[PDB]
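All protein chains but one are shown at their positions in the complex.
For clarity, chains are labelled A and B in written order, and residue numbers in each chain start from 1.
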């Protein structure tokens, strides 16, 4: 399985008339989930739960109604897996991975935002043929290349490759150049956007250079962030 | 093309989003003694369309008392089997530090001499937070946009 962030507080009870939501995202076998815990810190039962998202950069929506069937009694805390897909309406957000949410119950509607980690949008069929990788890196305008620094990494190239593999970031080739490992890597988003990567691992250097080429370079910053999180976790 | 849930309906409005990437068509029917409203929500980039409800509603921008940012309210009125109700609500996530606007409901009154009568038009003053409602008969009512509290109603047509 890939990297999943710890749940974080998305909606505090005191902002939401006693409703508390904590959440994270996951990807399980080609399926995206918004995984939440809902806690009733109020003195009323809570019923009639429902959720929607605003339009978003990756067309993320719930794929079913929110599966809370029984009243959430005062003090009660339930774990809710909401399945998502990427078939929904697209509007480019800032930040690109921000997700606006409305959650309703029988007392009110509440709103919050959270940030989608882009590795749940990394699809299973994201391994490029070596041939196609070279051609595509060469087809993508060199001005689109962006460099980032994975700070304080000490994983071997093998371990980098296995961890990234578990997040649907595939190693296409490796080049030993004078003690340096170069890793050439592909991943594919749920919207079909490909990202190519060159990681450079140097002896003595605690920092790896991640170079990313994408036709939509605005995304690259967000790949780097989750790439960094996968290596560091 | 016009989606068939609309067929024969009184077209009463057409609305898009700011990008023109969604389109809303509305119309109402007198289906079995109520003003049933039909909506078509067309997706222009997806090329897919769906059917939805209703009739007199408008959106505002209102700065709530201790916030820095203007909450986007969607105010709409309908007469259902439960009778006439106006709803004011937030739409979408509050701008970041904003305390959310409590959703509102209030009933809109229809006299017995208002036998069928239902909503037909809405307009809100941004200058004076007030919801102007016009019904099918020619009745007007003003409501306070923040607290949907009725503030006057009379016939003018």
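Please note the rule applied: a contact is a pair of C-beta atoms (placed from the backbone, for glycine too) under 8 Å apart; a residue touches a chain by one contact, two chains touch by 3 or more.
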Selected residue (touches chain absent from view) among A:48, A:79, A:129 or A:139: A:139
Missing-partner contacts on subunit A, residue numbers: 135, 138-139, 141-143, 147
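Operating definition for what follows: only the chains that are shown with their structure count from here on.
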Whole-Å gap separating subunit A and subunit B, where each centre is the average of the chain's CA atoms: 37
